[PDB]
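Q: Here's the letter readout for the chains.
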Amino acid sequence: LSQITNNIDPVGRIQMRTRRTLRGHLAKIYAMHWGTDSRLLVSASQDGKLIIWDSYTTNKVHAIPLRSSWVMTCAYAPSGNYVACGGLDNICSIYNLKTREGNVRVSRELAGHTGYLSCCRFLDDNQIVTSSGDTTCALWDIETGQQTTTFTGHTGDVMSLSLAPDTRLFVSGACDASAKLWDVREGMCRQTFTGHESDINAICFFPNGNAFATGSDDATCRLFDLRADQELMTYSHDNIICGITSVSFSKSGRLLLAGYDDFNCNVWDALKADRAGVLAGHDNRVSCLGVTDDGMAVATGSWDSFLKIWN
Amino acid sequence: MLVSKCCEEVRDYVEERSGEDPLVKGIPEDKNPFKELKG
Amino acid sequence: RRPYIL
Amino acid sequence: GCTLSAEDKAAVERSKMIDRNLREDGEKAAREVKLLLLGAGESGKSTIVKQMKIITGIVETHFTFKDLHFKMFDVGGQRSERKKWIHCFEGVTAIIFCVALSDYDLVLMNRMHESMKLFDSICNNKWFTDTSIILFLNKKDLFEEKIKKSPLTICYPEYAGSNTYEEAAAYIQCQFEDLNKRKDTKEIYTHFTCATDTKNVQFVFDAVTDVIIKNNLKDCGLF
Amino acid sequence: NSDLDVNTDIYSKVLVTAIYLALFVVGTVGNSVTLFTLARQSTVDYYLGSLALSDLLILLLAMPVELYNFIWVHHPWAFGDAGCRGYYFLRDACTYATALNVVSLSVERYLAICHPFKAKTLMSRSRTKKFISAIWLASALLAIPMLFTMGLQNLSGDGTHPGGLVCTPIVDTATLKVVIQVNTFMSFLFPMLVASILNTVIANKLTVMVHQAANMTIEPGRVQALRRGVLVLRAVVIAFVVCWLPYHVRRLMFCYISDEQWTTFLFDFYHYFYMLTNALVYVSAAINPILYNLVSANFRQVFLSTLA
Numbered sequence: 030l031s032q033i034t035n036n037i038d039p040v041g042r043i044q045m046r047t048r049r050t051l052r053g054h055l056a057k058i059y060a061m062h063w064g065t066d067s068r069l070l071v072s073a074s075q076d077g078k079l080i081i082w083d084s085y086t087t088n089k090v091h092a093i094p095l096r097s098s099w100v101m102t103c104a105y106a107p108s109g110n111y112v113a114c115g116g117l118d119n120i121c122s123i124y125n126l127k128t129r130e131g132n133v134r135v136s137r138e139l140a141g142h143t144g145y146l147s148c149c150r151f152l153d154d155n156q157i158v159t160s161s162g163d164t165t166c167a168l169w170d171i172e173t174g175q176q177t178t179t180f181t182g183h184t185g186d187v188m189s190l191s192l193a194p195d196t197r198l199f200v201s202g203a204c205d206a207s208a209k210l211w212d213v214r215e216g217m218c219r220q221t222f223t224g225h226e227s228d229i230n231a232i233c234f235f236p237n238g239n240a241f242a243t244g245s246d247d248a249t250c251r252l253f254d255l256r257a258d259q260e261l262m263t264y265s266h267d268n269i270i271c272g273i274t275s276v277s278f279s280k281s282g283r284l285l286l287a288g289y290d291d292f293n294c295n296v297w298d299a300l301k302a303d304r305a306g307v308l309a310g311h312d313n314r315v316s317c318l319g320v321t322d323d324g325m326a327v328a329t330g331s332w333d334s335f336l337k338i339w340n
Numbered sequence: 031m032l033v034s035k036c037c038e039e040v041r042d043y044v045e046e047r048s049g050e051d052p053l054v055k056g057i058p059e060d061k062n063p064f065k066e067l068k069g
Numbered sequence: 008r009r010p011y012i013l
Numbered sequence: 002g003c004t005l006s007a008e009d010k011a012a013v014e015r016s017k018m019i020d021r022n023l024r025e026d027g028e029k030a031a032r033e034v035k036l037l038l039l040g041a042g043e044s045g046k047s048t049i050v051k052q053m054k055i056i182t183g184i185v186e187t188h189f190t191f192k193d194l195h196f197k198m199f200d201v202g203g204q205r206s207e208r209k210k211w212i213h214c215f216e217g218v219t220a221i222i223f224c225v226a227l228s229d230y231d232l233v234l240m241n242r243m244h245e246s247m248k249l250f251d252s253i254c255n256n257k258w259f260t261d262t263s264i265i266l267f268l269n270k271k272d273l274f275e276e277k278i279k280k281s282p283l284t285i286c287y288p289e290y291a292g293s294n295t296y297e298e299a300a301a302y303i304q305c306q307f308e309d310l311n312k313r314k315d316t317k318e319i320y321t322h323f324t325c326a327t328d329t330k331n332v333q334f335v336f337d338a339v340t341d342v343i344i345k346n347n348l349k350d351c352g353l354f
Numbered sequence: 052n053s054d055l056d057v058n059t060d061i062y063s064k065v066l067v068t069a070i071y072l073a074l075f076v077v078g079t080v081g082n083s084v085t086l087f088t089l090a091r099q100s101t102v103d104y105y106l107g108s109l110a111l112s113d114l115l116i117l118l119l120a121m122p123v124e125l126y127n128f129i130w131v132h133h134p135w136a137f138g139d140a141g142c143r144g145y146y147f148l149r150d151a152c153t154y155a156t157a158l159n160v161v162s163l164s165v166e167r168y169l170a171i172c173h174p175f176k177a178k179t180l181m182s183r184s185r186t187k188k189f190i191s192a193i194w195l196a197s198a199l200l201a202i203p204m205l206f207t208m209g210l211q212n213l214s215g216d217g218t219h220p221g222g223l224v225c226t227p228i229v230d231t232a233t234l235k236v237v238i239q240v241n242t243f244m245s246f247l248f249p250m251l252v253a254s255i256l257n258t259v260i261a262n263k264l265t266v267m268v269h270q271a272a292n293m294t295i296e297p298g299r300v301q302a303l304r305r306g307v308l309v310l311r312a313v314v315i316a317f318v319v320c321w322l323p324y325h326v327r328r329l330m331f332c333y334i335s336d337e338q339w340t341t342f343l344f345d346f347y348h349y350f351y352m353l354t355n356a357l358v359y360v361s362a363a364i365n366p367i368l369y370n371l372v373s374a375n376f377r378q379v380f381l382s383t384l385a
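Protein chains in written order, with the entry's author numbering: chain B, 30 to 340; chain G, 31 to 69; chain D, 8 to 13; chain A, 2 to 56, 182 to 234, 240 to 354; chain C, 52 to 91, 99 to 272, 292 to 385.
If you're looking for bench data, these hints aren't it; they were derived computationally from the structure.
Cβ coordinates follow ideal geometry from the N, Cα and C atoms, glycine included.
Possibly wrong hints are sitting among the right ones.
Capping the alpha-carbon separation at 30 angstroms, the derived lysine-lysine pairs in BS3-like fashion look like this [to be verified]:
1) 257(A) / 235(C)
2) 187(C) / 29(A)
3) 209(A) / 197(A)
4) 35(G) / 61(G)
A few chain C residues that don't get close to chain A, going by computed Cβ distances all over 12 angstroms [said to hold, decoys possible]:
5) 63
6) 72
7) 80
8) 103
9) 130
10) 140
11) 144
12) 185
13) 217
14) 233
15) 258
16) 267
17) 310
18) 337
19) 353
20) 376
If you want the footprint, here are the derived chain B segments under chain A, 3+ residues with CB under 8 angstroms [what the hints assert, rightly or not]:
21) 185-194
22) 316-322
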């Protein structure tokens with residue numbers, strides 16, 4: 030891709046300052062998802078809490094005490110009515126933000142899994158996909174409590190998941206180094222992607238919904254195409270060898286944000302595969318990052334318990 | 031399945047969307063919601 | 008006789 | 002100070018009361034003592050949980191002893207790749223590893244060699260560099276019967292000691308504690324236990340006190 | 052026009068120069084190797107590095123000028139007007155840096171043992187580097203009064219000789235007394251309080267834990302480090318009192334006596350006692366790496382392995 034997309038002039042050096050800082054947690058933060066209003070963001074951590082911040086005023090609009098402390102993921106429904114969280118307890122608990130009693134409360138504990146839940150994403154207010162620890166993904170219906178469409182077929186355990194913007198399909202990644210493009214309505218996998226040496230830890234759709242990047246423990250981000258069924262680009266660079274914990278695109282797609290375990294996040298020009306900028310805020314592993322759907326701000330959480338919001 | 035056409039699609043999509051993108055274009059800091067306004 | 012020393 | 006007509010102040014008061022609830026629950030968690038349980042082949046994982054709590183994934187038991195609270199994480203229920211979730215468990219005070227003595231002769240490849248490789252993979256891990264290990268050796272009376280009938284060269288070839296209790300138990304203990312590639316950082320605490328000997332939880336709390344004291348000394352500028 | 056010179060025995064002067072050079076070489080080597088070692099939990103490391111850094115700066119700045127300008131040339135300022143102002147600014151900024159570092163390390167240990175959650179929240183490497191930069195800025199702000207109070211004055215027979223010029227507080231005795239007595243008051247009676255009481259209750263906790271260590294079934298050869306921790310605790314408190322009490326007793330003595338009480342014998346005693354007090358403050362600034370060295374015999378091994 031770099032031989033084609035080198036005629037476009039480069040983005041220049043990107044300098045961003047920590048426009049906010051969301052303190053309060055007492056452990057490693059593992060997840061963060063924006064809202065579709067681009068103002069509220071939820072963020073979960075190993076201290077038993079997940080906290081629904083207001084990104085503009087740095088106010089904590091909620092803090093939800095969880096029944097088991099071990100929490101790997103969170104997702105924020107596009108209505109704003111629901112949140113979700115799941116970890117080693119094998120239960121993707123679901124919380125109702127918009128109650129009349131004024132407080133959040135657990136709606137359903139979704140059980141029936143023989144592994145830890147790696148990731149959850151909301152389709153609608155009634156449909157939620159997850160990514161488990163028994164090498165399978167699933168799709169739950171919250172009203173019944175029964176798993177609708179179980180996705181079996183990986184050999185090593187699955188590690189991430191990324192719904193498309195139009196939410197008809199999604200992509201999940203695993204320890205097989207095989208990203209698979211499942212399909213929500215029919216219920217079978219369509220495409221399987223290889224090209225990583227070892228386990229993959231992070232998947233994010235391109236904003237058109239027709240591609241996705243993949244962050245792995247091999248210090249390689251690799252953007253794949255779903256139509257062309259093969260690897261497209263290998264965003265990697267010398268002198269760095271550590272793992273990648275989270276990836277996310279920009280709104281246009283021009284800059285992709287990669288979260289390394291050199292303790293700082295790097296900002297990759299998605300067309301020339303150049304490290305375009307360095308986000309050197311954190312003092313431990315950047316475990317989650319996310320970009321607003323409006324494309325204005327980029328929040329990044331990490332294991333030093335500090336959500337920084339860059340712009 | 032013709033990877034050159036597909037990466038060209040990614041290229042024309044982003045170069046269509048690159049201008050109005052509020053992060054690669056940048057901020058004018060007065061339309062920024064993350065002006066601090068504090069003391 | 009005051010010492011200036013400090 | 003703008004207050005945006007009384008509600009931004011009440012939002013900040015909501016945020017501060019949430020901060021208050023965070024710091025109270027965070028103090029309750031930061032004073033709380035977290036313990037990991039490991040072992041694939043059943044190795045007293047039950048016996049120890051019934052002896053702990055008397056005074182389908184992870185199973186937490188939040189018992190207290192000697193006026194100090196203990197959280198025990200029975201992690202062996204769920205089965206997946208341990209390389210992808212063991213980093214949730216950095217900051218555990220002490221890992222309580224459990225081995226059955228009597229599994230020296232069974233075969234899937241010796242099961243005891245599998246437990247030594249599992250112990251190796253956990254003790255020399257890149258995350259557990261500082262965290263010490265409370266090693267248990269379970270079902271010792273069965274093991275006594277099984278060593279009074281069957282020998283011990285069949286498990287480990289290069290051993291020619293006595294077919295006595297104390298020497299064979301010392302050889303298995305020295306074979307486990309030789310596996311730590313680091314000894315300046317942590318220290319393995321071995322006990323012999325079975326479905327008797329109620330002197331268990333006091334030894335657990337002795338080990339937890341020694342690990343917590345050594346963590347505190349290290350956190351101080353001394354040591 | 053040469054007066055105010057104090058005629059002391061030269062063998063006592065040579066004997067305290069030899070002490071000063073011994074503390075000089077020991078403090079420079081100890082502080083150099085500790086900063087190299089800490090440079091190659100993180101907050102107590104930056105605290106010990108900041109205290110050792112302040113002690114190395116007090117040695118390399120204060121020691122050779124105080125040496126050359128009080129021991130050999132006893133009357134003239136070698137360094138000019140800004141030399142006097144910078145000397146007392148550095149010296150007192152380092153004094154506040156040392157006193158506030160030992161305060162912060164004692165509060166950090168009291169926090170680290172009796173409030174572990176509150177010490178988790180109060181300690182972060184961002185907050186610790188901000189905090190040490192804050193404490194160096196505060197030692198510079200509290201040393202600004204040693205800028206404006208102090209200066210040159212000519213105390214010759216007629217006030218016009220170019221060698222009758224001394225380096226002295228140029229302000230009257232009441233202002234002098236209030237500035238120096240609030241310095242000795244807060245800078246010493248507050249660190250003696252926090253070090254004594256905090257470290258006493260830490261020593262209570264450690265002696266109860268020693269009596270609960272005599292868990293002998295769990296214990297390897299590791300009750301030596303608890304007794305060594307009691308000894309290093311007590312060495313910190315006793316070394317800080319014994320080393321920073323006579324310096325401020327000397328400055329108190331300068332503070333109160335309005336020259337109606339000074340004689341020739343107290344004059345000579347003051348000058349010899351000044352020498353001894355600067356000996357003790359350099360003993361402090363040189364014996365920090367010693368009593369952090371000798372107790373941590375594995376970190377000590379790290380020192381001697383990097384040195385060899």
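Q: Does each hint fit the structure? Answer for all of them.
A: Hints and how they fare:
1. 257(A) / 235(C): Judged against 30 angstroms, a Cα distance of about 60 angstroms means the pair is violated.
2. 187(C) / 29(A): 28 angstroms, holds
3. 209(A) / 197(A): 22 angstroms, holds
4. 35(G) / 61(G): Violated. Residue 35(G) to residue 61(G) sits at ~37 angstroms, over the 30 angstroms cutoff.
5. 63: 37 angstroms, holds
6. 72: 29 angstroms, holds
7. 80: Answer for residue 80(C): holds, closest chain A Cβ roughly 20 angstroms.
8. 103: 8 angstroms, violated
9. 130: Check passes; 38 angstroms lies beyond 12 angstroms.
10. 140: Residue 140(C) is indeed farther than 12 angstroms from all Cβ atoms of chain A, at 37 angstroms.
11. 144: 32 angstroms, holds
12. 185: Fine: 16 angstroms to the nearest Cβ keeps residue 185(C) off the interface.
13. 217: It holds; residue 217(C) is separated from chain A by about 52 angstroms at its closest Cβ, greater than 12 angstroms.
14. 233: 40 angstroms, holds
15. 258: 15 angstroms, holds
16. 267: 6 angstroms, violated
17. 310: 8 angstroms, violated
18. 337: Per Cβ check, residue 337(C) is outside 12 angstroms of chain A; nearest 48 angstroms; holds.
19. 353: Consistent with the label, residue 353(C) stays out of reach of chain A, its closest Cβ about 29 angstroms off (over 12 angstroms).
20. 376: 8 angstroms, violated
21. 185-194: Holds, because 3 residues of the stretch 185-194 of chain B bring their Cβ atoms closer than 8 angstroms to Cβ atoms of chain A.
22. 316-322: It is violated, with 0 qualifying residues against the three required.
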